Every structure is written in C-alpha cells, then in structure tokens.
Amino acid sequence: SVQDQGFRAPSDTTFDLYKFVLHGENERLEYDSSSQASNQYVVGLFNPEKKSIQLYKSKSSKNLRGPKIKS
Amino acid sequence: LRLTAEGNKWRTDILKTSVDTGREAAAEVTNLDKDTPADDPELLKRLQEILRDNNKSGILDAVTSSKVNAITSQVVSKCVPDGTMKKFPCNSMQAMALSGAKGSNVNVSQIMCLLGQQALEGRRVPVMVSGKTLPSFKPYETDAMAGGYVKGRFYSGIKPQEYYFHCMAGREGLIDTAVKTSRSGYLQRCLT
Amino acid sequence: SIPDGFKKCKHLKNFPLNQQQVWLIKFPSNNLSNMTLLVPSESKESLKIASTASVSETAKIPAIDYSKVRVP
Amino acid sequence: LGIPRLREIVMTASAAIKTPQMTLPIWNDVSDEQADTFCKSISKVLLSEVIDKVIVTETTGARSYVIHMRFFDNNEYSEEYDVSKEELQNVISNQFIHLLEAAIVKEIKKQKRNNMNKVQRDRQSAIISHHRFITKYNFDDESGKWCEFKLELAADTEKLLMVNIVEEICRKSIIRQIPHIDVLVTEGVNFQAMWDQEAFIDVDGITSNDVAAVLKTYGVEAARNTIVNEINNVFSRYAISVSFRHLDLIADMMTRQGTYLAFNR
Amino acid sequence: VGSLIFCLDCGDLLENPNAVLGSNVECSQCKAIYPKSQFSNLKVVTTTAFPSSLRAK
Amino acid sequence: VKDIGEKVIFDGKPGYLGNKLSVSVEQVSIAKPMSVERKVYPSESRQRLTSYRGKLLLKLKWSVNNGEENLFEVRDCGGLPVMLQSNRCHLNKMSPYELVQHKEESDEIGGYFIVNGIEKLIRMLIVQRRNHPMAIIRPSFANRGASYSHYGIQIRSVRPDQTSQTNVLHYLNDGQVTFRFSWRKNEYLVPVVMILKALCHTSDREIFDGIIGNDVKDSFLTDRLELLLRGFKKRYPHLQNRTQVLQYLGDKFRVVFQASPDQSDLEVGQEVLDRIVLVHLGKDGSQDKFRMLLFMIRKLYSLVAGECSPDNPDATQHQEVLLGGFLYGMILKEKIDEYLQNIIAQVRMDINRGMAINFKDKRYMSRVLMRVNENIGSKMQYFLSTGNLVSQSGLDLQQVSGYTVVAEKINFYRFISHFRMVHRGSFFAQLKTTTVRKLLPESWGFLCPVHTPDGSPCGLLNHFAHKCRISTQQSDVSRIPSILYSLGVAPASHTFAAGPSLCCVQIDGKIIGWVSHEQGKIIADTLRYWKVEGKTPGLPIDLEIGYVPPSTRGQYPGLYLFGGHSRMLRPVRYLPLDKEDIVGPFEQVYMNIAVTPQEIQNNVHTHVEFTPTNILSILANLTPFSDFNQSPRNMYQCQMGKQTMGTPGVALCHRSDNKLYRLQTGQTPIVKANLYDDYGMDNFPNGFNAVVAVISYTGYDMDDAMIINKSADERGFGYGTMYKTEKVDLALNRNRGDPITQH
Amino acid sequence: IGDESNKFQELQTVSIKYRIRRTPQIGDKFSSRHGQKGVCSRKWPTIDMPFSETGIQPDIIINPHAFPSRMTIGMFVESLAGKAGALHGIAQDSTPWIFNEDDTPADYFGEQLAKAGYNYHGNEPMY
DNA sequence: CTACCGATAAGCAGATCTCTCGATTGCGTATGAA
DNA sequence: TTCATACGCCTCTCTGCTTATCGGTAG
RNA sequence: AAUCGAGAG
Ligand SMILES: [Zn+2]
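Those protein sequences? They're chains A, B, C, D, E, F and G, same order as listed. If you use full-length UniProt numbering, the first sequence corresponds to residues 14 to 18, 29 to 42, 51 to 62, 67 to 92, 102 to 115, in order. If you use full-length UniProt numbering, the second sequence corresponds to residues 833 to 1024, in order. If you use full-length UniProt numbering, the third sequence corresponds to residues 24 to 41, 50 to 61, 103 to 125, 138 to 156, in order. If you use full-length UniProt numbering, the fourth sequence corresponds to residues 1217 to 1277, 1287 to 1338, 1437 to 1505, 1518 to 1600, in order. If you use full-length UniProt numbering, the fifth sequence corresponds to residues 4 to 51, 55 to 63, in order. If you use full-length UniProt numbering, the sixth sequence corresponds to residues 65 to 78, 89 to 109, 117 to 824, in order. If you use full-length UniProt numbering, the seventh sequence corresponds to residues 888 to 1014, in order.
Heads up, some of the hints might be wrong.
In the BS3-like style, the derived pairs of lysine-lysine whose C-alpha atoms are separated by at most 25 Å in a straight line are [said to hold, decoys possible]:
hint	chain 1	residue 1	chain 2	residue 2
1	G	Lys924	F	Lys740
2	A	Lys92	C	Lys33
3	D	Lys1331	E	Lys46
4	E	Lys46	F	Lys740
Calculated directly from the structure, the hints in this document are not laboratory data.
Please build the complete structure, drawing on both the sequences and the hints.
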C-alpha cells in the first residue's frame, strides 16, 4: 500500500507547495535544488501483526537595518 | 665485469636469504615476536605509529640499514674476487681498482655484486602518508627492497623501483654537492 | 509570501496513526528529521501542517583473471 | 660540525652557547652501578616529565577547577628520575602553583580587555594563603595519584582553555635543575659550581670543553689549548689533520689582546 | 548540551547563567523568555605533551 | 569578461546625484591575419624579426542607467600575440604537406609565441590544488602576530574562469579562529563566525551541529566552539540581524573593494562575500559556502587536536600545474579590468575639472576613448618579452619577474624539452631549504625521476613524464551528484554529521554527502567500475577520484572527486577490465599499482602501468640502457643532450636567428631506443656512430680526455656549423616624421 | 625587411646571416649518450693510430679508467650491441627493463657476435 | 628625601671564486608660440 | 583648444651593539 | 654603464 500526495514548539507552521517545495509561515519564525532521485523519501508505518506495511511520500525581531550609505 | 657460474650461484644463494631481513628488522623494532607474519594487524599498527613519529622512523631505518649492510658485506666478501671469471693480473677493472688508479672496491662491488641499500641522509627512503613507499608496493610493506634495498647490480640492470630509489639517492647527492660547491670562501678571506 | 504561487494541501491526505521508520529509496516503481509533517499534516482535516506527538548499486566487476593478466 | 662550527668558533668568536656537551668516563674507583646515577641526579628534570595526564573539571556550580593531575608509577618514576616524592610535593607547593596561577591571573586580566588528619589541613594553610584561594590536597601513600588543587575564581565562569595553559605551565616548571645544565653523557654548559666533590664517577675528569665557559674563569692562556683542541676535533672527523703548527699560529685570536678576539670587524 | 541547552525556540545561544534572573533574551529577542534555575550547572571534563619517559610500543 | 564587473561612476546632476555609466564588456573576438584583407602565415616576423601578433576585438557597453540607453561599440585594443598551431593561427589544422608548402617545418608544432622574432614561451608553473582545503603547520602563521599558532587551513579556490583566490584560516592560541584573505596587493582579516553568520540566515545551534556532529560528549571541541561563540557575542552585540551583519561588512569594506558611492551596505557586503570567499562555489551557492566552512573549521580543530596529519605543500598530492594559456587569459582579464578602471578614472577627471559631460553622446564617448590607452596587445607583448608580471590583484601568485623563457632551439631535444618543464617558483629558487628539492615518491608517473638540470636550479626544473597529459578542459561534472545520490549516501543538507569519523563526499569543493568509511570505500570502487566500464552518460574517464581511508593520526578522511581544469593525468591499465584508466596524483597515493604484469600479486593490486618506461622523460627514454648506468650519469646525459650540436630543423633557409649550431651530417643510432622512431626523432638526427675503442694507448687521456682519429676528422667526422644573424638598420635614431639623410 | 606600415621610404632595415664552419679542433667537448663527456685531446695521426686484424682504425679513443668511477655499463653494452647491429645489418633496441638477469644483454649480444664470427666479449685483437 | 649606576627586554648596520654569451634600459605631465 | 617638449612621481636568515624598566644604597 | 636570463669551469 503506497500513497502519493533540536527544536519543538506548538503547531504554527503550514504548507504552500508552489510547485514538494514550500516556504511555510508562522507568527514566531519566518521560514533543495539537488538530489534528483534521492528526494524519494517514504514514511514506513508497518503493522507488525503478520506482514502489513504502510507507505507515504526567524523574523519576529529581525528587521533592523542601518543606513544605505555612511558618510 | 662478468662472474663465474659458481660466483653467481653464491650471490643468488646469499641474496635469497635476505627475504626476511626487513620483516625481522620490523619485528625487532616493534618488540613483537621474532616469527611474526608481515600481515599482522598489530604489526601494521606499530608500523603506522613508527611512520607517524620521526624518531621511531629513524630508529627503524637505522636497524634495517644495519641488517641490509651486513647482508651486502657478506655478498661482496663471498663473491669478489673469487667469482670473477677474469682474475686480478688480467682483470683490468679490478686491477685499476686495487692499484687505486681510479674507482674503488665499493664501485667494483656495486658493479659486479650489489648496489646494496640507498641511504637518503640517515634514513632508508621517504614514505607517503599512507605507509606506501611507492605506488608499486603494499602499504606498510616489510620488504627491504621496498625500503630502498637494491638487490640488483649495474651489470645485469635494475628493476624500475630500484631505478627510482637510485635516482632519489643520486639527486640527494647532487643537491648536497651543489650546495657545498661554494659553501664558504669568506672564512678564508677573513683569515688571510 | 508567495514565491510563485500557493497550491496548498487543501486536498488533505489522511494517514492515521495511534514502529515507524523512514525507508528512503532512489527510484523504484513502488534528530535531523524536519520533514516529519508529510504523514501528520493536520489530523483535523484543515489546511495546515502540525507537528506530531542496499540502496547503493553494487554492480561488481570482481575476480580479476590472474591466470589471464599475469603472463610470465 | 664542519664549516658551521668552524665559522662559529673562529669567524665571530661566538661566546654564545651553541652546543657544549658534558662528558665523563669512569674513574676506575667506582663501579658502573653508581655510574649514570650522578648524571641523572645532575640532569635537568622538569615537572612535565613526570606528568601522565591532566584532568580539568570546570564546574559552573561561584566556579570550580578540579585539576586532578596524574603522574607515573611512584617507584617507576623514582627509579627513572632520582626525584623524591617529597621533593616533588615541595616544588609543586612552592613554585608551580604560585608562578603559574599568577600567569593564569595575567591571562584572566588580559581576557577582560579521601580523609585527612589535620596534617593535610596544615599543608593547605599556605596553599590557601596563595593568591587564587585554591583548595589543594595531595598524596598520602607515597604514590602520585592525587595532586588536586581546586581553583575557584568567581561567578564570572569565563570560558578558558585551562589545559592549553597548563601544558605550557608544566613545560615551564623545573623540578631540580642547576643553572646551565640540561659515555654516560649528559648535556649542559657550566663551569662555576660544576666543581662538585669529585667522588661519584670520574668527577675529577669531566669536561664539556668549549670556549663558552672555559676562558671566563677556568684559565686564560687555556685558550691556546681549548681553541686548538676544538678546531682539531673538527678536522678529526674526516681526518684531514692539518698540522698543529697552524692551529697554534692561530693565536691572534687570544694572545694579540686580552681574551678571545675574533677574525671580523 | 555542550555548554548550554539552547533555547528551544530559536537556534541561538543564551547568555551565561550568571545574570539577574532568567536571561533568555538576546537571540532576536527569542520571542520568548522561559525562566532559569532549570539547569544545575555546567561541567566540561577535559584531559591533556610529556614525551620524556613515555615508553610504549 | 562577463564576470569582470560593473564599474560605475555617477554624473554630477543636481538623494539623487546624476546618471550612471555601467560600463561593461560583452565579447572578445579573434583576428589572425593582417592586411584589401590578406592572410599572414608564420615565418613572417621571423624573417622580418618582429612579432607575430593577431588583433583583439573588444565590445563594451555604455548603459547610462538600468536598461535605458545602451551604446554598444566595437573597440578593438591593439594586437594580441597569438600562439602557433593554436586556434588563432593560420596553421591550425594543416596537412604536413601544406606546412611544407607554407615555408614551415615538415612537422612543426609549438606553443611558443613569436615576439620580435624571438619565439618565447610561457613556462609552466605548479601551485596548490583548486578546491581542496589543506592543513599547514608553517611557523610563518604563528609569526604573523601575537597568539597566532602554526596551524591553519588553506584553500586556493578558483572561479569558473580559473581565477585564483586564497582563503586562509589562521588559528589563534586564545581560542578564536580568524578568517584571512587578500584583496588588491594587501591583506584584510576578519573573524570566522562573522562570515559564517553573514553567509546565510542561520543560527548558532545549527553552527554547533555543523562543527560537531554527534560528538557532543567531546570536551575539547565543545569548549573551543563555545569560546568562539561567546567571543563573537561579546565582541559584536549589536550585529544580530543577518542584514545588519551584511551592512557591517559593507561599511567595513567600502574603499577596500572600490565600491561605488551609490551602493547599499547590504549590497556591498553581499558582493564581497560573493566575490572574495569560496569563489569556486560561485554565486547563489552561499548555502554551500556556509556548508564548506563548517567542514573547513572541523578539520582545523582536528589539526589542533592532532587527529589529522598535516599535508605537505610541496608534495605532488596537493600540487597542481597551471598552463601557459590559463595565465595568458588571467592576465588578459586583469588588463581589461584595468582598462575599464582607466576609462572610469578619465571620466572622473573630466567630472572633476572638465565639467563638459553628457553620458549619452557618441561624440562624448569618442572623446573619452580617444584619451585612454588601447595598447592591450602591446602590453601583452611586453609581458611576453620581459616576463615582468604587473597587476593589482597579483593573481594569488608568488613570483613577480620571470614567466617567459627564450625557448631556444639549440637542439631539437632542448626545443621539445622546453614544452615539458614545470617550474616550482623563483621564490623557492631563492630559498635555501633542501627538503623542497627532494624527489618525493608521490611524483611517480608524473615528473621524470631523471630529467633535472644539475647545478643551481637542480631539484626545481622538473619535467613531466612522457605520456602524461594535462586536462585543459572542465569535464561534464553536472550529473555526477545525481548518480552519486543513487548509491547509498545522505544529502549534505538533510542531515548534519561532521568530523573525520564520517567519510565526507565532495565534488570539486561542493560538500554533497556524508557516509561511513566502509561505504565510502565501496562507493569509490563502484565509481571506478563505472568510470572505466564506460556506458554511462556522466563520469568522464579522466575523473580524478580519491578516497582517503580512515587513518590513525593520518590524513583527513573523506571521499573526493575532481572534475578539474588543469590537474595532472596518467594512463594506466585497470586489472578488473584490462582497459585504459586515467589516474591523478592525489588519486595515486592510495592505489596499488604494479610496475609490471609479472609482479601483480593477489588482492594487492588493481592497476599495472603498461610499458614501465612511461614513467620517464622523453629525453630520458632516449638514453640507451638507462638501467645499467649511474643516476648522476643519467642526469648528466639528460643535461648534455640539450647542449648538443643539434639539428635545429630543415627550414633553416629562412629562420633568421642569433645562433643555430647546425650539424652537417648525422645518423640514426644503431642501438636506438624504442620510441626513438615513435616520436619522430629520426627527422632530427644528431650525433654519429663512431667505432670506439676502450683502450689506454696514447696516454693523452686519463681523466676525461679523448682522442679523435686525424684522418677520420679529415673525412669530415663531425662538421657542425654556426648560423648567426644580426639586424642592421639606420632608423634606430630616426623618429616618425624625420626621414634620415643617410641610406 | 620592409616596414609593417606603408613606410615605403628607402628600406633602411636589413638582416643578414653569417655562416661559421666549426671543424672539431682539440678541446672541443664530445660525449656519448651516458654522460661520458670529454674533450678532444689530440688529432692522433691515422698511421700512429692502432689498428685491428680487419684493418679498421678506430676514430674515437676513450680511456678505460673512466668507467670504474663513472660506472656506466651502458657505454659497454652500447658498444657491444652497436658492433652486433653494424655487422648483422639489423637495428638494436635499447629500452630499459627489457633484459632480466636471466636474459643478460651481454649474453644476448655475445650470441649475435659469435654467430657473426667475432669475439664473444667484443675483445678484438689489435696491433 | 634622593643621585647615581648596575641588575633587568629590544633598534641599527652589517654580512655572507673566475669566465663566456644573450637580452633589456620604469612610468608620468606642464608651458607657450601659433 | 591644441601642439611641442622640458619636466616629473609610487613573499621563508642571523649577529653584535642603539637603546629599554627598575630598584637599591649610602649620602 | 648598469639590471635580468642562459650558462661553463
Ligand atoms: Zn531564542
């Protein structure tokens, strides 16, 4: 069965898929052109009963800027 | 320059005893067992450390140089002049060697019997960072020939590795002579 | 902040869970882990992403023919 | 050797110590068992030479520096180097800690730009009186296993290497070395106070003969016997063997004036 | 971890614990300041050039 | 010329200031002949005793502002001295018969440039590698200043136009690491963490993971890194924002990079960290530039802790030769950039004083260009003639005077030897250390063990072995990462893991993967399989791949790949397939080559260089029975052969030169070595077969003298002749407008 | 030589070539292909030159004392192979590492000289 | 109190055979008669 | 405004003797 | 007349 579509914090991110690639957004932070075939990561959720398997594939205070030119 | 058949047999039978010269030198320097296979991982580790540190590298070079020089002296004494097909009164080469007109017993020895070991300064031969003397040798090889021991002679030619080592030794000698050609005349000019 | 458009995950994919490992592959026809939001997206059927709670090709060319290349 | 030594010895009259080396045969009165014992006693011995490993535990806690250094085996290093356990304790308590924690305080200032029986406490008295107010403790069973002196600078808990300085510290430390002293041959260049009681191993006949120290006190016309001896000892390597008449005709170096002129400006 | 468990919000190190209280600010303001005294201390045990009597081969 | 830059000056028209100039360069063209247009073949300016120069076509831009008024113009600059048998020469692809027709040698080849009728040549130089950071323990680093250590990583990066740029990482004893570089003729140093934070919007914990990966239980590395981070934080508290640090860099370097007044500090900082650091990664690769330094730093701390051995700068593992053409292009680009700077300076002077400016008038452009120098070709000719390199950047070289040799043709042997000599450096020549002159084993198969002049330059003017090739072309490295990801690796961004414990994988300086050492060896072997086997769209055969296995106190581990653009190459048989394989110096050291098929052991060999004579110079191979002589005597022979009374050539009818030394007769060697004919040396025979007698008869020869038979001389045993030409003229004192009264 | 520009004028530019004949006098350095360089000591008259059974008078004389110091066996091997080649008419190849000790070049060329009827060691009797 | 000079880390001048050839000779800018 | 010609500006080796800080004692 | 390059002893 195959289907196709240190850090921690409470849920704040999202998905964009401009087209895969996103940019993401949240109220705390402000969030790939290689590995053409290595991109194929899948997530395994195998059920160990007999053989069953599953498959599926900051700026909050960073805006300070100095002068364009210093005399 | 030629030798008799029995002389060549002597030379070969003595050289073939030098197979384990380097292996025994390594076993003694590493304080391992006397009869230790050259592929022992412990021996390889010890040789790696010896290559890493210059003092132990020099110690191993001195020991192996001593052993191979003993072998070379044995060969020369056994062969010359009891192996040459032409004897002293008629042998022009040996005659102008003994009479001292030109050359030396060392030159005759390395022409007819054995070059021996090529000594780079007080050391056998520089080693690549991988414990590999030449691209043609196993890493951490315990062969004297791999360590610069030329088993050939100027009469029968030398293998490419021996030629490379001999070129290195000749280059070292030429460098030293070029440096010391005009070392100091200032001392003499000041004294006078 | 659209780079070149937002075709988001409005068609959410449900991969429910209550024994899980990544099984990266190269190209067969069917904790630095900041990509663990693909299976758990929202679990609430909402347009958002929420946090959770031999590949090498051998191709050997071995067994050099010593009897053929080691000519006396 | 060679032209280097020749130029250093006659072109400039180098009073600067280049490499004079000690030397001593046997006396025919003292066996070889006592031989080299005098050499190791007189040889320069540094504290680093008996250091096995150094352990530093920088606890922020207000701070801590538990330098639990480790030495070699007691009897082993005592036999190799005739340095007593008590002598090592004395030098550590006196010179090492004081001077080198003073160096630590200097680098700090630059940066700002078991059981005891009260004998150990009596030991700790002066060591605490030391500047950095450390808390030292030492060995009891004659073995070097515990030489921990807990520093405690402040609550600043500044990040310091604390081992990179300690290595240079142990290199600086000297256990028992007489000045200018580094075949049973030792190394060193000294004449004054080298006149030890000539009774250990041929201590009567010992000479690091070189113009570095001989001409200063141990004779003056002895130049006409040291210069010639050394310059001949050079050519004695390759056995060129120039006539002694020339090595004594070279006397404008000494007799043309008071002491040890040179063939230069 | 190494010498400070960084703020779980950002990826920038805080200041040393020797502060007034709960110094968890200067990482783009960190948009969060969790309190202090949650960490006992920091100890970095390290070890050691003494080649004179070293003999092992 | 595209990447030269965008030199800009501003008009004084009353925050605005005026109008820009945005002078650029579009293309550079070819012009071989000389005029009504006629071709001009070589041997011209040989008979004339002048230069064989081409013509340099140059097109520039005059964009008064961003895409409003562009005034393209072809602005040819002098005459480039072109190279014979090259693209810019009429004798590019000619038949030998056609060459004979065009007054040329029956088989003529040469990279020499004909200037003033002297036929000089750019000597090869050998330098550090391209995209490999090596470790150096020179004491000069410590002597740079207080608290400086001997350690320090060095990488000599090269832009896609083969422009060098050094980036040294000195290590200070206090515990901070200082990045070092150089711009113009001077040096400018900056803290490392500054550049690390400026390259990407990345945090410190990420830097912690980059420098230390799963080595948290280490103490030395962690404490040093924490010291570095705290030092940066206390030194620059205000510099929090990435844009803020970019602006800090821009203001710190404004007259350093000759930045235009109309340039934001963020723009200037981005420009400098795009142009001067890790230049071999190019633009938009900052994400990998940040990834490279994290690798470079970890090696430095490994060097400090001694986990990695240093790398010899003069060892051929990390040596690399830049060709004559590459230096020609580099100096040409420097001169073009200087020319643009000069027109900018002229506009500046006119603004200062002339006050007659339009910035949009073709007549004004003509006035500007008529007042600057268009003698780019003339100055290139001067460079070829003298060897005195003059530039602002300095090309990250080390010599100043001497790059062109006269390239004499006393003998054909000497003439062909001119094109195979590689020079270490005149600075090294002045150096008096012996260890640089050693014959390292790592030079097996690349430099001739024998061919080396005896005397002062001994041990320096090495010669390449015959059958050794220099890849003067970037290989198709695009698809290499893709097939590399096909094997078992991990992307350089998905997971963080550094240190020697993991086999780093990089292609020409791009960190792309990390993997265990066993898997790294497996990958290296499989890549060898696929490279020699062919039948793969990527992986050119001339791919220098080097896998350094994990070593106890050895060299720093990690797999390496090198597409390269000037790296040394050497053919060799490959045992598992018995097909030709190419190996480079860095690659060779860990490869178990066998000098003969006879000596191939079991499991201790994968390659065998067929024709063991190949590890030798051409002249060295020309020596008969080199395996029976003494190495000093072989070197004497090599030096003597270039001094022979040679056969310069057959075109000597019109080859007006200072000296020729033509031998009238000549014979093939009865004992000629093989490959004497294979190299066509027979077309240039020299010497004669003599009936020698090893005999002490006359007594007039004891040390080295010899006696010739008087009659044999009278028969004409050897009759070499001297051809000498000199120039006679009366216009040496004549000026342009004053015809001389004497003729 | 004419001016590159259209400077017709009167052609005040000429290049001439000198031919110099260099017959080998005494003291002119000859050499072999083994570094055995030397000078022409004296043009020995042909009659006084030693001759052989075949009547050939050697042209180049070198002193045997050079070899023990120089140690150039290549000169000897070249002499041997050169005689063999000049006799049989064939061309002799001299490529390093083609003669193993069991395939000594001395023996290889001595076989050819013997089959040609000359001295096996190359020692030609002379007067 | 204090004058003088002998214990102590650092700036200036100076250094390292004979012969033959060949080649080459930085770069820049202002006044005044017309 | 220019032309003719006198004028017109900038990276791998070490001694021996300049001199330093610094205090200590009879006056 | 000086500087650089090639050398040779
Ligand atoms: Zn934070």
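Going through the hints against the structure:
no., hint, result
1, G:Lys924 <-> F:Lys740, "holds (23 Å)"
2, A:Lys92 <-> C:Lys33, "holds (17 Å)"
3, D:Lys1331 <-> E:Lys46, "holds (24 Å)"
4, E:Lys46 <-> F:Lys740, "violated (80 Å)"
The structure fails hint 4 only (numbered hints given earlier).
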